[PDB]
Amino acid sequence: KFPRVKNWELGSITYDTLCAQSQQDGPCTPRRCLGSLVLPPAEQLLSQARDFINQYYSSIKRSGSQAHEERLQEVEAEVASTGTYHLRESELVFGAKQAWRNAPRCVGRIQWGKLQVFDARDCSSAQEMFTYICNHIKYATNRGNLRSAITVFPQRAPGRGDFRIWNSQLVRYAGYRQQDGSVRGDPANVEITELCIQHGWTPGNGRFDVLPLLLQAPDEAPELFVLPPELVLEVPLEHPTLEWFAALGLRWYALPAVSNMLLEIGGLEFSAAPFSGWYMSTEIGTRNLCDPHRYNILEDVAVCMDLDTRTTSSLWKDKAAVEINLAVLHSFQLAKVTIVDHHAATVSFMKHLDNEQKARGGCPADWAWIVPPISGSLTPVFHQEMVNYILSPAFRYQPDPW
Amino acid sequence: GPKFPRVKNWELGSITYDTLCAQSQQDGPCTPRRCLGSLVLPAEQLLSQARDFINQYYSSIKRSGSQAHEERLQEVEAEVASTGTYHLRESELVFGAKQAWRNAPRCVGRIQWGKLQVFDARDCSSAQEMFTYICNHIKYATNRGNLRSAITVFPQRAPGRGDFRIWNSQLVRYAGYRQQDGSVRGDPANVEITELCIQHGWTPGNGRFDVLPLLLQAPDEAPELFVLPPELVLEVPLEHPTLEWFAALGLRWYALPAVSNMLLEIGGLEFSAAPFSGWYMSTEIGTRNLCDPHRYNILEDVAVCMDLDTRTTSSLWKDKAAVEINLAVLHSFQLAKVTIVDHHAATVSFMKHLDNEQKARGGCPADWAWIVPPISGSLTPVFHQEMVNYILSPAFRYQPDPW
Ligand code: HEM
Ligand code: HEM
Ligand SMILES: NC(=[NH2+])NCCC[C@H](N)C(=O)O
Ligand SMILES: NC(=[NH2+])NCCC[C@H](N)C(=O)O
Ligand SMILES: [Zn+2]
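Keeping their order, the protein sequence lines are chains A and B.
Residue numbers for the first sequence, in UniProt numbering: 69 to 108, 121 to 482.
Residue numbers for the second sequence, in UniProt numbering: 67 to 107, 121 to 482.
Source of the hints: derived by calculation from the structure; they are not laboratory data.
Take these hints with a grain of salt, some might be off.
Computed from the model, here is a short list of chain B residues facing chain A with C-beta under 10 Å [stated by the list, open to error]:
1) 93
2) 122
3) 184
4) 193
5) 373
6) 377
7) 397
8) 420
9) 446
10) 463
11) 465
Cβ coordinates follow ideal geometry from the N, Cα and C atoms, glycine included.
Whole structure, please, built from the sequences with the hints as guidance.
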């Protein structure tokens, strides 16, 4: 019995047979569904490694050659003697792309084949991590013509502490907790802001202060590195027809570079492996600026637009959000920085699902994350049933290192 | 942590554990390997469903273990013993109906669950009589615009003997006429039932908003056709509070949403005809019904009137039009004095319901994809609330179409 998956807008049906290859577990059982939840030996490492080596040789269509068997022997010999093994650059490149491809929450996977992979496994200090991170940013930003990248730092080792980037993204704005309860800047970054200050960073007092990085080499206290302002491209927000909107002094950074997830390839774990593509506009316009526990600017905007704030039924919240998202798109386009709107992103994801159906017999997708945060049923993904499951290589959550 | 699903609200940072889900009788469609949450779709067996139900009834009047409780159990097993089935006391039926609603994971209006008028119609014995009960239900629920939640219950499934069925999916629905050019006039969701009404002798209209007749089936009989008298069907013409031309589009919606094709299951007993109605939340009309591409699909038309750039996704024309359509729905209903609730007020009230149910029952089964509204999602507090979905009984369940 395999999942029948229906698109309700077109009446079409597919069957997901790729989920059979799931060896990892989602949070659900048959007695209760936990899907909307945001967070969750050597022959076993070996069996994940053989499997991953199998994927890789199949990918280059050498699925049986001398090379294939000799490579499995290498991996077997290395695990038998040392309890672990190492990946070849080109396996690593293939694993990273496959991790992205398999990421159920990513709407931008049409892009999965085009990922610049920086091998930083020859990295031995916080200082080197920083240099690599700077290269990553410079490459990925590309004066606003954004390019997808990942930089992979040295894998976890049974002996020692992990390499980690303590920040959750490479670029984030500071959130300064007030004694009077409230937050100046981004409330989601209060804890990382506090951490930075105590490892000796001099704070600013703005709404949009770019945080320094805390980089940790194994079993060493993390170190502080301030990003060179010229590396951090930012887009001031204005609105195409509302002149007052610019007066709000809103801005956002160009580069979304997630730096806290663990990358897992054939049983090996890469605890520092920051990755970036480009923003979908609703991430900034709806979530970051309008979430009540984020910058929460909807009321400010509604009042400027002169809307009736006293009642939910004037749909003031909805009207303001739409203008905010429009401002984000307009500003990014004016500054010539890559962005995709939620309509174009979901249309391309549909094409991706279809590609994936033909190529693998299904696609892991997390509906609550693929459907955008405004205008859901106005996008084709709303009407598309979706099956969520964990394939490996995978990006996974890991504990905060402090 | 305790050994139960942990549930987080990401706006407020708060945690709860669902203990209620451990009372779940029915498997959902998920396994450890794969999540199917986004998907839209006897002897001792009866006795134990019955027993469990009667226990629920006695708890809710706080007489668990009492002699009246043990006598009812005995009465129910004896009745099953001799007939294969049993019957509910009136007050059990009322409790089971409210509890089915309360249990419904997809319903965001459940803060209202305790206030349901239960019309007992288990004496009903003909299609004509279904019609009278249905008309009575509509008059009572509609209440000239001040809507009142209600359910009418017809006789339960009975061994061998045929079912009572309402063929229509709601008591009030608009016709969908399949055109020569292959397109649809009216509501494309209603094509099959439209065509069925024609097959059974209905003389079809040709409007975009033709109210369907009812096709009602008493046991072992072909369905009979009944035309609702127009004046029982309240409708709201749509206008916009500032865009004057919107009224000129001639759009309208009916006031009463009355789902009629679901099965109400109580203590193993099956009520195959049990239509229920509340009032609308505005996004069901303004977003789904009017803007779904496979429904009325009016988004482009509205956007063109609003002079928006429809050649490019990045103008947000879809988003701007959809907002105005929802504002029109809200505004028109308020002007016509017909009950309606917006998706902000609804979700707030549903957060409050979740909190009540946390204290009362230790959880609340909720289907996130259906609870979050189809526009402005993360603008509502339910978006940031994790939810656990499972089936409790009494339940409203899907059932195959009678044909
Ligand atoms: C190319 C442009 C891309 C776009 C437009 C995009 C879009 C998105 C969006 C909207 C999300 C949901 C994230 C959130 O709401 O916080 C997401 C999640 C994610 N994407 Fe992408 N993505 C892109 C590229 C990438 C790349 C290059 C990778 C890695 C190689 C990646 C891996 C992920 C992962 C692992 C998640 C889940 C993050 C989490 O669980 O918090 N994506 N993507
Ligand atoms: C009192 C006002 C009510 C409101 C605002 C309301 C709101 C809603 C909404 C928005 C849905 C989603 C339906 C869809 O997207 O098609 C729904 C589903 C549902 N509601 Fe309500 N509801 C109300 C009253 C009722 C009543 C009185 C009952 C039954 C006694 C009920 C039982 C249901 C059930 C069973 C569903 C699921 C239907 C399905 O799965 O297709 N609700 N509710
Ligand atoms: N486009 C990506 N690679 N996104 C990953 C998540 C970024 C996150 N949504 C943010 O608002 O900053
Ligand atoms: N409020 C209710 N009882 N809703 C049941 C669903 C009605 C359906 N969404 C409609 O728009 O016609
Ligand atoms: Zn699930």
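Here is what the structure says about each hint:
no. : hint : result
1   : 93   : holds (4 Å)
2   : 122  : violated (24 Å)
3   : 184  : holds (9 Å)
4   : 193  : violated (23 Å)
5   : 373  : holds (5 Å)
6   : 377  : violated (12 Å)
7   : 397  : holds (5 Å)
8   : 420  : holds (9 Å)
9   : 446  : holds (8 Å)
10  : 463  : holds (8 Å)
11  : 465  : holds (5 Å)
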